[PDB]
Amino acid sequence: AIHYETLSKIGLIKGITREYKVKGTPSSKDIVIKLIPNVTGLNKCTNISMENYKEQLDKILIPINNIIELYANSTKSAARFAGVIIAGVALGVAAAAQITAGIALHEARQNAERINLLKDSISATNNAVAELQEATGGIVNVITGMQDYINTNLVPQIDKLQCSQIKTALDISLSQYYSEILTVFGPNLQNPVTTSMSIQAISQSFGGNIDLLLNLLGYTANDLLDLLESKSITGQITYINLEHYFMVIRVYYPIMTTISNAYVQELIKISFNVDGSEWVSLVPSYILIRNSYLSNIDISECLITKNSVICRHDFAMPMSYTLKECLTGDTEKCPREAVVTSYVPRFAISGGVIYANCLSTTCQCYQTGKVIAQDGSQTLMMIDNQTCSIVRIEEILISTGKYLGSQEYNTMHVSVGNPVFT
Amino acid sequence: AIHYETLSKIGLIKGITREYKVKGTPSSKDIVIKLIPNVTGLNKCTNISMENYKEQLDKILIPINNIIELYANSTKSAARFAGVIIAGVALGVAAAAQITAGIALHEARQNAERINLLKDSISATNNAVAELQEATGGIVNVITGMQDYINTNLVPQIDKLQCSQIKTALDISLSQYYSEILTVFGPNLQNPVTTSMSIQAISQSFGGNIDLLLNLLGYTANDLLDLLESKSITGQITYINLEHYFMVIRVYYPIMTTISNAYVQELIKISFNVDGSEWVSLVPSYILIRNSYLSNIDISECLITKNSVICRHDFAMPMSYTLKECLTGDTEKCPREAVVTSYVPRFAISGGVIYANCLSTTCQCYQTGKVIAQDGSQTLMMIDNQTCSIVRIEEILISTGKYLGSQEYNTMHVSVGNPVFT
Amino acid sequence: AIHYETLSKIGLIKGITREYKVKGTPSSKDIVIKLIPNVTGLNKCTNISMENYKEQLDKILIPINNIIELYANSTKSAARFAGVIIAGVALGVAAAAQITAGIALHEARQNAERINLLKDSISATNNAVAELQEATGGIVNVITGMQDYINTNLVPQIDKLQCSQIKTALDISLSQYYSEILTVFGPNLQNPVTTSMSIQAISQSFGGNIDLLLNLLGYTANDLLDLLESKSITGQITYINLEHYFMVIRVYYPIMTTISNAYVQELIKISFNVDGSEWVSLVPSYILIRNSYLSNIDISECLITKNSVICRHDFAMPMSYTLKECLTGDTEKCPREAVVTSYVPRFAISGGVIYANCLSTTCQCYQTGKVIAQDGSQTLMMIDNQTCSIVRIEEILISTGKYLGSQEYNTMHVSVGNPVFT
Ligand SMILES: *[C@@H]1O[C@H](CO)[C@@H](O)[C@H](O)[C@H]1NC(C)=O
Ligand SMILES: *[C@@H]1O[C@H](CO)[C@@H](O)[C@H](O)[C@H]1NC(C)=O
Ligand SMILES: *[C@@H]1O[C@H](CO)[C@@H](O)[C@H](O)[C@H]1NC(C)=O
Ligand SMILES: *[C@@H]1O[C@H](CO)[C@@H](O)[C@H](O)[C@H]1NC(C)=O
Ligand SMILES: *[C@@H]1O[C@H](CO)[C@@H](O)[C@H](O)[C@H]1NC(C)=O
Ligand SMILES: *[C@@H]1O[C@H](CO)[C@@H](O)[C@H](O)[C@H]1NC(C)=O
Ligand SMILES: *[C@@H]1O[C@H](CO)[C@@H](O)[C@H](O)[C@H]1NC(C)=O
Ligand SMILES: *[C@@H]1O[C@H](CO)[C@@H](O)[C@H](O)[C@H]1NC(C)=O
Ligand SMILES: *[C@@H]1O[C@H](CO)[C@@H](O)[C@H](O)[C@H]1NC(C)=O
Ligand SMILES: *[C@@H]1O[C@H](CO)[C@@H](O)[C@H](O)[C@H]1NC(C)=O
Ligand SMILES: *[C@@H]1O[C@H](CO)[C@@H](O)[C@H](O)[C@H]1NC(C)=O
Ligand SMILES: *[C@@H]1O[C@H](CO)[C@@H](O)[C@H](O)[C@H]1NC(C)=O
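Protein chains in written order, with the deposited numbering: chain C, 123 to 200, 204 to 547; chain B, 123 to 200, 204 to 547; chain A, 123 to 200, 204 to 547.
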């Protein structure tokens, strides 16, 4: 829908076209995270109680468990239709986000309560990572923080150091650990009943070592890194065991869906001449095109890759009528901002040819040494190999190809919009 | 003041009511932070000088000390009124923020200079945490970084490793430490004469272990975690000893005050029908109500909890007249934004009943299988148990209660405002 | 150009004047960063392969190398003019930012390929930091992560711990390392062909220890800390050796240039009386003045110091005509915002004298105890030592000097602009 040949006359140069992708329905796996380390390897020091640490955890876990228990009590299985019934009255107030998550919680807990049957086997581990066998032949991946520090730095020195020295080292390392998770699972976790908690925030519970988790889950996808960086991989707390201080976390792993007839087009903005002074247009850099319709896209929440835009949601936004008219060729409605700085692009390469403002900078033909000048009635000069094979702009020598489009481009005039301030 | 029954007709559904709280007058305690570690346990390696490290610290501490000394010199005790006199001429230019802090500095230094009498006892420590006894029977809590690393990882290996290996390990760990505090106490600290430096930034001087500090200060309050996350706990540098490279920090611990007749009301926004297309209103999610007056609140600087909003300041903001008229029932002045995405809430639960847009999604009665339809003249359909006990929205079964309010709600019509773009 | 005596009547009080500085042409040095550690000290444990780690690195390095190789192939040396010729056709689409960087890449690689001749000597190191001698007598600084951990924590325990315990410790520490650099050199690195990648992001490849790097480069400048915090020090990836898994990084070290006749003037904003209610003006806090012209400055991207503003670019922005008229004395065009909070400055010191709103707060003369009152027709009261030597504002005693300017200030009236909402 965008008329590029005319928009380039006001500094909007067609850039790279990318496919639009949004995540779809996830698969899921359950893991167990243990918050209290095994310190029996330090049992030569009888003054270690771990009592203060347990109390500190209660202040975090109980406030959370009280919410999970509410939704778990409110939902029951369903009859003309199959499904799960959630009690609107019991909740009183709920947004669609928590209603949907509440249903997911109900289903997830049907397995979390089976994992809990291993609570004694979960507590009885001393490795940073352990694999427990379920009665059904399934495998539970247990991730415990602190164990690496204890096993490598404290236990080996149990005879070398004094017991007061070891206790001190342990008390400090535990308070450091607590400070780290408090940030994620403390008061900042407004409502645990969600399916969109970033896995990179959850991973803070074991040092922020996201790679360790992904390797254990067994995610080997070639695009795994893109799913991770786009924040498409998330998890949910489904069960908390307060006595043994461990959590059951469900990890959701999305399937990326490419949207048909949908892509994101970027524009390269350079300055141009209007009346002797230098101006830059105020058109959004990224435009989302679907079927044939123009809309805005909030790229700040998406991952930009070599050939695609990966979003965890559809971030399309409404576009004004004046901007749509601008993009379709009515350049009289494209707003301008004055340039008061030196830090502005004055040239770009697109389609193998150069678009440049040769009044604000100097353009010379390498072959002859002659200056490539534009008049005061022109916005931008377009340079191709029918004009000069190699052009020197500033002190950069750029070779060019042929221009595909109108051959009267440099004799074409364009109207401009009004000056605005932001 | 807000008329909820009419606003719900345009997708503004009453949510959770929270109390408004702002911090009041703090109490205070003094701590000492030492920047240079005790490496005499490594005195078998004679090539350790710590000289380069000291020079690096000078580049941070002197620029700060030069400001503290200025205010300390400018303030003197006071006479019709008691108090402290600050010299406006000596300062030349000062904002109220620094004038107030300057007075606090004067008072704090009356104790910091008494702590400094222990400068030899402060330097003569080798533990990460030490408690020194003052002549008056008071206790000074000394927190030192690096000591944990040195005592646990370097000293125990003094005979096992070569002295060049140990020196290298120490030089690297010190440069890592320096890099961390440089971030907080370097050029980014524009002016040290303040009472609002976050305690979580100060804690970077000893690894970011905020829990260690709080445990030593003896803060056991049940709401301590909320005070910390709301950034209500702050500190001030009151004294710097350049020769022995340590700082005296005053920690301010606020008392939360609940504001009478003041609360924050949240609204849940869902889409609604206007003319066949789908729209969302542009009314702020959080409204601050005081006595009977409406105002805006900058929630981005406050902590949102289950039943309160905790702010370090009063973040009330002016509200326009058109928005006040909107909120009090004149829905013709409530601006609309078009929906161009699929990622929008189309239903919510409030008061035990469901508000939903049954044109954009499908609503069925579980009991009969019949569709619950709304006409093209309606914005939203409200569903209660006088209509259908269990309603299937999408594929989620929700049970409902009775609606408290007008029983003619679903036959009531509302005017809407104009379309706008943002 | 700013008329301060009249603007102070509406709460805009002249603050501190700072010089405007922007970075100029850099010098450069090359360093080598190795991604795979030397684990031959652990060769008693035969189950260490490092194979999985290598594959994980390939997923990061290859996507980057494919871009560097493209620009390296496109550029060739140049003939009426000397220089480097870049192929616009081969690239197809490029912004000025990448065209310029592409030229820098060409030149840098002329040395990177000479460093690569030491690829066997680079791999054959086991220290965290090593200095290799080039055939030309030059020195290559090789920085390797992981070596500190391995040499200090794993190797010394090779006989003490079981080999399965050591392998586990190594596998975990490597996955932690990978997670850290993935953040910087993964998908978030949209295009490696740039000269503006922050050195503090690059330093993440070796723990974020920026001080270690700077010490090795030999930067001893007194203003080094300001260059670092202002983000003026950057680097570029010039060469990647995939077989030996190391990168050659060029570090650019800028020369700060003070701009003639250019400075940034800050204004201190306090509230004032208009008609009995309290108001605050909506004029930008920082104004950039060049020669004699007023413009806006985006201070959010600059470092503010005691006497200067240090920017990596020129961040001047256009200023509206209504604001220029406001600043030059037409106070009728200076917009007002209502105060609905208690958290607002009501006084400030500038020029040794006090400007205060003595209707919203209480002002008393220390010497006599009498109240210093202003009428309802006045905005602000200015207090100097010709009125009262020491004034008590709130409970703060401030001494004053003489006012330099009109002696009829307190009998001068000012017009105000219209109320606005934001
Ligand atoms: C435990 O600590 C106490 C001091 O509080 C000490 O007297 C006791 O000997 C310690 N226990 C052991 C086994 O050392
Ligand atoms: C959930 O139900 C159990 C009884 O089965 C009860 O003990 C628990 O307190 C309830 N939790 C909540 C939040 O109501
Ligand atoms: C600690 O771990 C050890 C070794 O796995 C196990 O024998 C012991 O039962 C565990 N103890 C606790 C308290 O979990
Ligand atoms: C200009 O470039 C095109 C390829 O883009 C080529 O076919 C044509 O021959 C070239 N013309 C000249 C004069 O170099
Ligand atoms: C200190 O370092 C020097 C090398 O600079 C070395 O010759 C000397 O032996 C070292 N001192 C000791 C006690 O090893
Ligand atoms: C403060 O006064 C002392 C003398 O008591 C002087 O040595 C010091 O330099 C002064 N500091 C400042 C910032 O003026
Ligand atoms: C280092 O600490 C030790 C043990 O507390 C003490 O004996 C010594 O005086 C301290 N030395 C220095 C230089 O502070
Ligand atoms: C509807 O719910 C209310 C409680 O909110 C209950 O008192 C009433 O009997 C219910 N009516 C029906 C038909 O279920
Ligand atoms: C390497 O690991 C295997 C188990 O996978 C073990 O059987 C073998 O003994 C180990 N090698 C050595 C030298 O211990
Ligand atoms: C660059 O040229 C070399 C041949 O010299 C080729 O092997 C390599 O694949 C080319 N790289 C790119 C990106 O074209
Ligand atoms: C590892 O480092 C050692 C000691 O510098 C060196 O002898 C050896 O060749 C290195 N091995 C590898 C694989 O780089
Ligand atoms: C007021 O202060 C000035 C210096 O700013 C001084 O010269 C003058 O004598 C002072 N006047 C009185 C009455 O204190």
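One or more of the hints may lead you astray.
EDC-like mimics (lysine to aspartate or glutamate), calculated; alpha carbons at most 16 Å apart, straight line [to be verified]:
#1 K176(B) x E354(A)
#2 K198(A) x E354(C)
#3 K181(C) x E520(B)
#4 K198(C) x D351(B)
#5 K181(B) x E520(A)
#6 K285(C) x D351(B)
#7 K181(A) x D351(C)
#8 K181(A) x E520(C)
#9 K198(B) x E520(A)
#10 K181(C) x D348(B)
#11 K292(A) x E354(C)
Keep in mind the hints are simulated off the structure, nothing from the lab.
Going through the hints against the structure:
{"no.": "1", "hint": "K176(B) x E354(A)", "verdict": "violated, 21 Å"}
{"no.": "2", "hint": "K198(A) x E354(C)", "verdict": "violated, 36 Å"}
{"no.": "3", "hint": "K181(C) x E520(B)", "verdict": "violated, 37 Å"}
{"no.": "4", "hint": "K198(C) x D351(B)", "verdict": "violated, 34 Å"}
{"no.": "5", "hint": "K181(B) x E520(A)", "verdict": "violated, 37 Å"}
{"no.": "6", "hint": "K285(C) x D351(B)", "verdict": "violated, 41 Å"}
{"no.": "7", "hint": "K181(A) x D351(C)", "verdict": "holds, 11 Å"}
{"no.": "8", "hint": "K181(A) x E520(C)", "verdict": "violated, 37 Å"}
{"no.": "9", "hint": "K198(B) x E520(A)", "verdict": "holds, 15 Å"}
{"no.": "10", "hint": "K181(C) x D348(B)", "verdict": "holds, 10 Å"}
{"no.": "11", "hint": "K292(A) x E354(C)", "verdict": "violated, 29 Å"}
Consistency note: the structure conflicts with the earlier hints numbered 1, 2, 3, 4, 5, 6, 8 and 11.
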